[PDB]
Every structure is written in structure tokens, then in C-alpha cells.
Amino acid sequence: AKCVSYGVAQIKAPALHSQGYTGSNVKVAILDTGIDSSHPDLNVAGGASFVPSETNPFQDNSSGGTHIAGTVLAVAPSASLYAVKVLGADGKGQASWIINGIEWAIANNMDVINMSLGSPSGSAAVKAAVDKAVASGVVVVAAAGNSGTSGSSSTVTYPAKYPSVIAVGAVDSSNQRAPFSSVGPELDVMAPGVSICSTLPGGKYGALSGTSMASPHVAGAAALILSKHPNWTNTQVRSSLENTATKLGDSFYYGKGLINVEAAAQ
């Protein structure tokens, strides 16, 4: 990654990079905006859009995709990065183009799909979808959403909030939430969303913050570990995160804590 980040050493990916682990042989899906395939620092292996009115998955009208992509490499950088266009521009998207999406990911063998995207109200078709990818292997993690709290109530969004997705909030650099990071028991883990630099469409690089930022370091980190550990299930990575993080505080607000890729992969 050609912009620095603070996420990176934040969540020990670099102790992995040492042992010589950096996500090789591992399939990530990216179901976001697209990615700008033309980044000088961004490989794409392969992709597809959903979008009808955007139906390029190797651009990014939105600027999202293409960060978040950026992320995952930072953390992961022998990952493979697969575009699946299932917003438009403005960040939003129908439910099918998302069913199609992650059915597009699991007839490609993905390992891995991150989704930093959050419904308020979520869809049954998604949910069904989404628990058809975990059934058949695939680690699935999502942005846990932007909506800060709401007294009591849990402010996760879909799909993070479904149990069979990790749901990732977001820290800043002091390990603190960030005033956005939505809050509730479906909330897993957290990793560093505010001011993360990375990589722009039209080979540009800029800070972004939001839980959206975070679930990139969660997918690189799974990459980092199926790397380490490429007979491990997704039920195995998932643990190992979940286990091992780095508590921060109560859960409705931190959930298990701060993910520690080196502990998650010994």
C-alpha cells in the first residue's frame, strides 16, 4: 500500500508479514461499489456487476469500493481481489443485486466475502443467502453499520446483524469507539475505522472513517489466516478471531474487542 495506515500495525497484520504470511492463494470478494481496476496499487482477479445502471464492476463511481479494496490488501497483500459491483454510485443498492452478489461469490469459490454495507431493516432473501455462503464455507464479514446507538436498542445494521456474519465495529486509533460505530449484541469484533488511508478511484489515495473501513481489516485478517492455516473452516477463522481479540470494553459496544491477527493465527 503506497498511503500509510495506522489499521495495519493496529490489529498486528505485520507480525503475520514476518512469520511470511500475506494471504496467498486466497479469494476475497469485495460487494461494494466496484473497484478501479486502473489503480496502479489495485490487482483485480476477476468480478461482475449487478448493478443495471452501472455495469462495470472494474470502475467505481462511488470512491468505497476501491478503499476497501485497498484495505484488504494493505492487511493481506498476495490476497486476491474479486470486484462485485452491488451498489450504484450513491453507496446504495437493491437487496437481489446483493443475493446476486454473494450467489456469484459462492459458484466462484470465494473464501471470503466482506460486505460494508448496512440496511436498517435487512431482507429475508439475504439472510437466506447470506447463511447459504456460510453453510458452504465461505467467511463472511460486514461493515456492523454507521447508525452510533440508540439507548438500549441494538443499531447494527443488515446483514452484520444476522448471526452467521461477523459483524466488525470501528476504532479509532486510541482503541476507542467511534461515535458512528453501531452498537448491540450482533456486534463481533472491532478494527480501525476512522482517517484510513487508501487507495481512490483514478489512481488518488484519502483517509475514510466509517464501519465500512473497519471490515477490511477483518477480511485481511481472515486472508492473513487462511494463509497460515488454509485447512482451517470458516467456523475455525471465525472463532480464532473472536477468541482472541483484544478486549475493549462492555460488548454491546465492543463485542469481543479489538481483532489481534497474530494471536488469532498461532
Second form
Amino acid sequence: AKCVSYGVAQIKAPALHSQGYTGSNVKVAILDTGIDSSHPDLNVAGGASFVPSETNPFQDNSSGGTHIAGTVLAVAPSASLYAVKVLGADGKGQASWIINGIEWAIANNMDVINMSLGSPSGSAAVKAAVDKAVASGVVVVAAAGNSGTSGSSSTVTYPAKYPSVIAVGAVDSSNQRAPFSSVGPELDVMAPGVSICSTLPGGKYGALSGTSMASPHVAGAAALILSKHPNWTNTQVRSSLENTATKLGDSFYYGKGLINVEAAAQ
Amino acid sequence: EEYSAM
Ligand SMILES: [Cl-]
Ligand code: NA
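Coords for the form deposited with the partner chain bound, given the form solved without the partner chain:
The complete assembly is shown below, putting the previous chain first.
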């Protein structure tokens, strides 16, 4: 990646890069606002838009999808990216667009789905789609949500909140939970999500914060792990990430803790 | 549109 970010070292990705693992032959669908494929630093292998007012998945009028695409490649430089536009320029989307993106990812044999998006109430139809994706063997990763805390209540957003989906919270460069990072027993792992520098539309770069930035560190880590263990199932990849995480404190705030892709890749 | 970028 052309923009330096602490987050790649923080999850111990350089150790795997040094071993020769960069996520070769792994298909990662970015279900987001698009990917600006004109970025000199991003190669997008294919895609689809399901946003009827925004018909080009290879442009990004929001900036999130391009940023997230860059983070996946910063962690897994050889991953194959797919731009699946399910959110419009305002970063908002309908359940149906998301389902269409999940179904496209199944039909096109994606290895990993990243969904840096959430709703507070969720959708039974989205649940059926993500569960189908996971049953078909896709690693499904989502942002845990930016809804902070609510006493003893879970604030994890949908679809992260569903058991089939890996819910990723955000830490800063000091491994402290970001104040915005959602919490609850559904939180699975943490990754870097504060002031992450990555690709922006119009050939730009810049820092963004959110569980949206934490999720692609884990999507990229899944790509690294599959490159070292191409025969592993999604269940095995998920188990590896959860079972080898660095514990950071109470699981309500931190889940299993910070992903350690060096440890997870065995 | 209840889903938002995170
Ligand atoms: Cl949902
Ligand atoms: Na979940």
C-alpha cells in the first residue's frame, strides 16, 4: 500500500509476508459503496452494482469502499478484489441490495465477504442470505458497529450480530477499544480501526476511523490464512482467528481480543 | 435505507 498504516504491523501481517504469504488466489468481495478502480494502487477483478441510482461499482462517490479495498490489500497484497455496490454515495443501503450482493458473491465463488455496514434492527432476509453464504463456505466478516455502549445492552449492529458472521470491533494503535466500537457478547475479534490511512477516490489517500476500517483487516487476514492453508474451511479460518487472538480484556468490550494473523496461520 | 457505513 502507498499510504503507511500502523494497522498492518499491529495484526502481525508482516510476519506472514516475510514467510511468503500475501493472500494469493483468494477472492474478496467488498460489499460497500464501490471501489474507485481508477486508483493506480487497486486492481479490481470484477463486480456488480445493486444500487439502482448508482449503476457503476467501479466508482465510489462515498469513499468507504475504496478505503476498505486498500486495507484488504495492505494486509493481503495478492488478494483479488470484487466491487459489490450495496450502499450509495451517502453510505446508506436497503436490505434487498445487500442480499443481492451476498447472492452475487455466492454465485461468483467468493472466498471472503466484507460488510463494513450495519443496521440497528437487521433483516430476517439478510440473516437467511448470510447464513446461506456461510453454509456454502464463504468467510463472512462485518464491522461490529459504531454505536458505542448502552450499559449492559449489546450495541453490535446487524449483520455482525448474527452468529454466522464474524463481528469485528475497533482498537486504536494502543490496543484500547475505540470509544465508538460496538460491544456485546456477539463481538468476536478486534482489529485496528482508528485513523487508518488508505486509498480514497480520485487517486487520493487519507485516514478514516470506524469498525468499517477494522473489518477489512480481518477480511485480509482471512485471505493470508487461506493462502497458507487453501484447504481450510471457513469454520477453520474463523476458529483460527478467534482461538489465537491476543486477549485485551473483558470479552463484552474486546471479544477474543486483537487478531494475530501470524499465530492464526499456524 | 436502514443500513449505514461503519
Ligand atoms: Cl441484517
Ligand atoms: Na456475529
